[PDB]
Each structure stands twice: as structure tokens, then as C-alpha cells.
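Here you get one chain, nothing else, as C-alpha cells; it is the form deposited in one PDB entry.
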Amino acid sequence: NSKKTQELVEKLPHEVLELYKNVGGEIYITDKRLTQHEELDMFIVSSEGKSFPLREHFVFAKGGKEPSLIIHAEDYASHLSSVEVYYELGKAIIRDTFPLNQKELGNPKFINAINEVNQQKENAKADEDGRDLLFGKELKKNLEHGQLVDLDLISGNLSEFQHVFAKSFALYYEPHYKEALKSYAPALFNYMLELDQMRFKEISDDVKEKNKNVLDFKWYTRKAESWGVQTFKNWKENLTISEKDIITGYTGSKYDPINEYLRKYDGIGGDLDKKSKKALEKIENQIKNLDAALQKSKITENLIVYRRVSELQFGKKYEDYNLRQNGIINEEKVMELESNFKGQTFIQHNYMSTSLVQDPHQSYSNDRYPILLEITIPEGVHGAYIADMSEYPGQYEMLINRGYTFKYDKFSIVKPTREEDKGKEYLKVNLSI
């Protein structure tokens, strides 16, 4: 039954499912094999460390920009089956759901609990029950009993601690496993108890509160796209052919000359040859058209947009500055940037192309660019969602009008907490209009 399967998930607290729903997370129930689902060679590992081909298993959390939890409809009276579904849901929270997937495993509460489990005693003989219950094979071979876990060990072995979180989650919510968690790993039972009783709601309420002040899609494309297309549909339907053509052209070969023109003259009696004059006049007509287009479009809400950049963001004098070496962000160099640039401004003479989602493209994001600009655009700024008209699909472009001034507000170092960071830290710089 699909209901029997639905009922099973609906047992999980509302707050966990709201957190997933907020990032466009979706839950699918299916009578077909998982690999025949439209959302989806691969192998999975169950809560007890058994490997199965994906096509043979009955539950899978698909991660990434559009998270999905795919569940094969089974009876689910069996607790051995039910617990795997809560386990994958646990992974979808700790791995795929902001803010837990960036912040929770580095939390003191998680690290305190996990250490307390790695230190249980039966001079008392060492007790391995907690380890046996919750830690995977590769973790136990890399972490011995009584060995201290720190932020560093967690960051190098992320999927191993995601599993420990997910399995704690699963044993806690599955009623016939809860008592074994309590008995054999009390510190981690208590950790999950506090999340279930208040802290999931506390995290969820803080997310709803932030959503009241500012619209931020992060790296989640499902909700971003729908909002871009619908909120700028009317504007786009009122573009002329010329306006639409030059918007498209700006995402292609017409970009460099327009940007060079605007940067050169910041937004006499000699004459120019025929060809240089014709080319200059075409460019001017392009700018007239982009200007006219974007003047018709006002952003209706405070909105966050994103832009990946190199150290050349901060001028020619930051050429070979090497902010990042071997994926570690240089803490001393970031303090020099903060000192020189925080609360300072710059004028953006060209239009400002940004992304409605953080890092929509892997070749043009974290491994190539050590700086993310997180840019707050207040309501009333002129700009528009142009992704549909781009020559480079999949980029979720928000085109902001030229000639605004931007301020540097905050400089934060970000640890690799997602497989999609590729192991490399980065500097996040907040800017505002």
C-alpha cells in the first residue's frame, strides 16, 4: 500500500519534513523499481553496511540541487524495512537539507555526543557497543576507542559521520530500535532526543523567520526556477524583439564589447573610420536596449543572488594573491581583505550578471573560483531573470542593471560540508546595494 508507506513517513515529525520541503525536497512513492523512476549501475549501503545494487533496493535519497526521497511501496509492518526508510530520510536531512547539512556535524552537540560514545566503559574495560551499533566499517578502522573526534576528522570523513547521524535518527524514530539506541549509545540518544523535542523546531522556525526577510534559494534549483519564470513572465512578455535579442546576445558574443565600453568610459573633434564608427554605434544601440529592458523590471522582494569570482574581484593589485592553496582558505589573507575592504564600496559600471542559485555549474564554481559573492538586492532594484533567453542554459541568470554601487559587509570562511564543494574551502563575501 501507498498509504501504509505514506503513514510510515508521516510518523516522522512535521518539523523534519518542513525542513526538507523548504529546500524543494520531495518524497515519491512508487510500485516500480527505483532505477525505473523518472528521478533516477549504482550501489547503495544499508544502515547495517550491506551493499546492494540500487535497482534491487526499496529506498533511496537522491541528493543534489533537487533532493528526492524515492520509496518503493512495501507493506512496512517489518521494522527491518521501516528503519532503512528512516535511515535514508536521516541522510537526506544531514546531507541534503540546509542548514543542517552545513552546520550540524560541526556543532559542539554532535561532536560531544559522538566522543562520549567513542569513550564508553564496561580502569573500566573499554565498551564498544555504541561503536558497533552506529559506526560504519571504515570509521571504526580510522577511529579507535578513546580517540578524540574534532572538526578536522569530521571534515575529512564526512559521509562516515553523516551515516552516524542518519543511523541515530533512524534508530530513534523507529520504535523498536529506540531502546537499543538508549541502552548502547546513550549520549547519541540524548542528542537525538533534544533535536526531536525542541531543536528541529528551533532550526525550522529560524528558517521560516529568515524567509520573511529575504528570498534565498541557495543551490536549490527546484524552487528558484519556478519563481524566476513566473515572477518575470509579464516583463518578458512585454519585451520588444530588439530587447529580447540583445538580452540573448549579452549572454554570448555581445558581452565583452559592451562591458569594455562601459568600464572604459564609466557608464572632442576627432573622427573615426567607417568601420569603428559603425561598430561603436551598434554597441550604443545595444546598451540603449538593455537599459530600456531592465528599466521596465523591478525586483519585487529582497533577494539574494550569487556570483563566483577570483581574487581579481578586488583589483589588478590582487593578481597572484593565492587566497587559496591546496583547498585551505588562508585565514591571515582574509583578515587583510576584511581590514581593507569591509564597509568600502565600488561602482559597477557594466551590468551585473549573477545567479539566482549558488553554483549552478561545477566547471564554473568552487574548484575554479575561491570566492562566493552573496549579494543582497533590496526590493525596487532594477533587474530580471533572463535564464530562458540565455545562450548558456542551466545558469539561472539574474541580470541586474548597470551603474549601482555595492558595499562589502561580511567576510566568512566556509568549510567543505558538501560533496559538491569538492573538498575545497572558500571565502564568502556578503555585498549589498
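We call the rigid core whatever largest set of C-alpha positions still superposes within 1.5 Å between the two forms. Positions refer to the first chain, counted from 1. First, how it differs from the form deposited in another entry.
- In the core-aligned comparison between these two forms, the C-alpha of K342 is the only one from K178, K210, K244, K342 that shifts by 2 Å or more.
- Core-superposed comparison between these two forms: CA of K410 displaced by 2 Å or more.
- In the core-superposed comparison between these two forms, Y321 has its Cα shifted by at least 2 Å.
- Shown in the overlay between these two forms, fitted on the rigid core, is a CA shift at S310 of 2 Å or greater.
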Given for the second form:
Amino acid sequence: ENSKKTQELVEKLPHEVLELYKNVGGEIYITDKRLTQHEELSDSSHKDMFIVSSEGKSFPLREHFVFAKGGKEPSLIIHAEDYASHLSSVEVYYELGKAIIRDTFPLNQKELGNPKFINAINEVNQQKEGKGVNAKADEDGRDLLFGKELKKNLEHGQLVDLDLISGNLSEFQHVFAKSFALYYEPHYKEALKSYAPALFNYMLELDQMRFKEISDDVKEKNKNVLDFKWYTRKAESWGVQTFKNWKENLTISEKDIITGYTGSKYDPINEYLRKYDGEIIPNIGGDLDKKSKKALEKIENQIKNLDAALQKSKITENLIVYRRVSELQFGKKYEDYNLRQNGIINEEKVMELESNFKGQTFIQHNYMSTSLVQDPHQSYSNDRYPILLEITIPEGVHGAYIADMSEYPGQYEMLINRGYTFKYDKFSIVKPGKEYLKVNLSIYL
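The form deposited in one PDB entry done, now the form deposited in another entry:
Partners and other molecules have been left off, which leaves just the chain.
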């Protein structure tokens, strides 16, 4: 009923826009209950939350009829209604617009700094009434699209650049989402065109070609590699489903050591494995005292069990995984390399790491703990580690999703087998509040 009309409202939107939202695990929920009673808005925080409508009016979330929940599992929750009302429809398209520009890659990374957006915004901000000398400022575009706070921080005629966008991010996301909403709601479109022509044309290009272009480019990339980025919804579903069979084919001992390995067994195991950097140097003469011998045998048995578990698992498609590390990644002598000072990545150090390591191969003799998603957990994040390894795993590699067995499921761990050869492919400085060095590696089978 009203649920159908709500669906029909969304289905008027371009299929391409809905595609981009779906790609990042975006879900659209239509509900007859209050938004704050929905499963997705359960957190105690959503109780005392407020939202601001397209026209700048504040309401309690509980009282409102649509909300784009952002973050790592984006959701658009919509109260089912008639939506014959254009005043209502425009708010849905507004939150959807926000879901696009704020929550969906790649738009939420590049778009607002794009010449096209900045150019359109500058032109609207510079509209004139007259055509000759000393023509009066025309505030019609700013009044239609710019929020209260943005009108306070930006004057008419004043120039917008990347640093102004970065300092007023949510305010420019509003401009984008409201342009989007007015463009797509048929009874608001003509006013957008009349009063902010530059932003109308900006949205017309997105609607008529460039949403589609961005979408096809995503489809193309997904054909070559699977990359969940920081989004957890699709990642967790893929991890659980893909390795379910493998998990049923583990022994009790194998499951126990997988768990133990994510806990206190981690260091003793990986230290043992890294011992001689792959050189075979037998220890001969004398013997270990009884406790050290027992401890060593125990570690050897754990490695036997982990080896056996991971041999039973094969990654079935090209996959990107993520791992945070320190400068010790490049060797013991880099321990105090001081790659990052005051949250700033030293540019010349990156140049010499690049000079020394780019193209070089190496063996990780340790098992390789990685995350199926980027930076999911406080233990291994940008704040503590100045280097993110972005690792391309080719189909056929022995590794497995172990998060549901881990003492830390929130890490979304993909455990890759020991003894693979890796290559340093690329070095990139990533800016925000700390910068970091992204190092692309590939496994070489």
C-alpha cells in the first residue's frame, strides 16, 4: 500500500544512483514504525538525536520520516507514506542525495573537490542581478541552496576552493544533496534551474551521463578485484558464506589453534617462524632444558595444525586485504625510522623507502594476519600505525576468513598462509587526522 507508493518513489530515481549505493553495502528500508524503533537505529545514541530537513528545520529523529544512516554500513530508512506530497518526496531525495555524497565511494572521496562541483558552486555564489558596472548581487542561488551556517561563513562573490570545502564539509554535502533533491523532484526542478542554473547544469550532467560513467567504472573494477574498502556489511556476508564449508571441515585442534593464534599464541608462533629469515640453520649439540623443549614442541604442533587448517582453504577470486604495520615492516634497523612526526608523513623518507624497496620481493615466513576491511578496529588503526599495507591476493592463495573464531571478531581477519613471496608495488602518501603511507603489495604465486 503506502509501502508500495514509497517503493515507487525510490524507483523513480536513476538505476545508476541506486547501483552505487548498493555497491558499498547500502540498504534501503521501508518501515511502518518510527525510525528510532528500526533495527538499524537501535544504538542508545539515536534516542536523543536530531535531524535537519532540506529547508533547515530541526526535528527529533524519532519524529521524522526519513534518515540516511552513514558510516560503515549505510542504510536509508524511510517511513512508509503516500509520498504524493512533493514536500515529503523532496526530503526523501534529499537524504538519498546525502547518502550518495557522504556515504558512497567513490563520490564521497573526490566529488566535492572536483572542478565541476567547485565551478558550479562559485558561479552560483557570483550570480548578478544587473549586467553592467556595479550590478547588484543576486542572492537567489545562495538563498535556495546554501545552509544558514554556510551563508555565515561564505559571503556572496567570495571564492570557494578546496580548503573551504574541507573546513565546511557537511555544509557542502548539504548543497550537493539539496541540488540532487530539487533536480529529481519534478516540482522543484524548474526552481533549481531558474535560481541556481550553474548547480542545475552540474546535476544535469551527473544525471544524464556521469553517474552512469562512475557506475560503469566501478563495475569494471569489480570485475578485476574484490575490494570491500572500509565497509563491513558486504564483507562480513562474503566472509561468512565463502568459508562456511571450510569451517565445517576443521578439526577441534585446528579450530582451537586458529582461536589461540589470534590471542596469546600469536607472538611465539610468528617469532619462531621468522627466526632465520628462511635460511635453514639447524641447531646442533647440547639440548634444551625440559620446559623449553616442551614449549618448542608445543609451538611446532600449533604450526602443524595451522598449516593443515589453512591448506584446506583456497581464496577463489582476486581479493584486496588490509594490514597496519610499523616501519619494522622494512627490517629491524628501521625501528626508529620516524616515518611520521606530529601526524605528518615524512616525504623524503617515503622517497628512500621507495628507492630501496619498490619492486623488491620478500618472503613473509610468519602467517599473515590481515583485515577483510580497512581499519575496522582500534588495535590496528591509523592512530597507532603509520603504514597501511594494501594487499592484492590472487585467486588460489591459501587463506581464510576467521573473524568468527577470533578472540577479536571486530578485526574481520583474513588469515593468509605462511611462506608466501610478496612484492612491494607502490608507495602513496594518504592525507586525512594523521597522514599515513599506503604500501601496495601483491602476492607472487
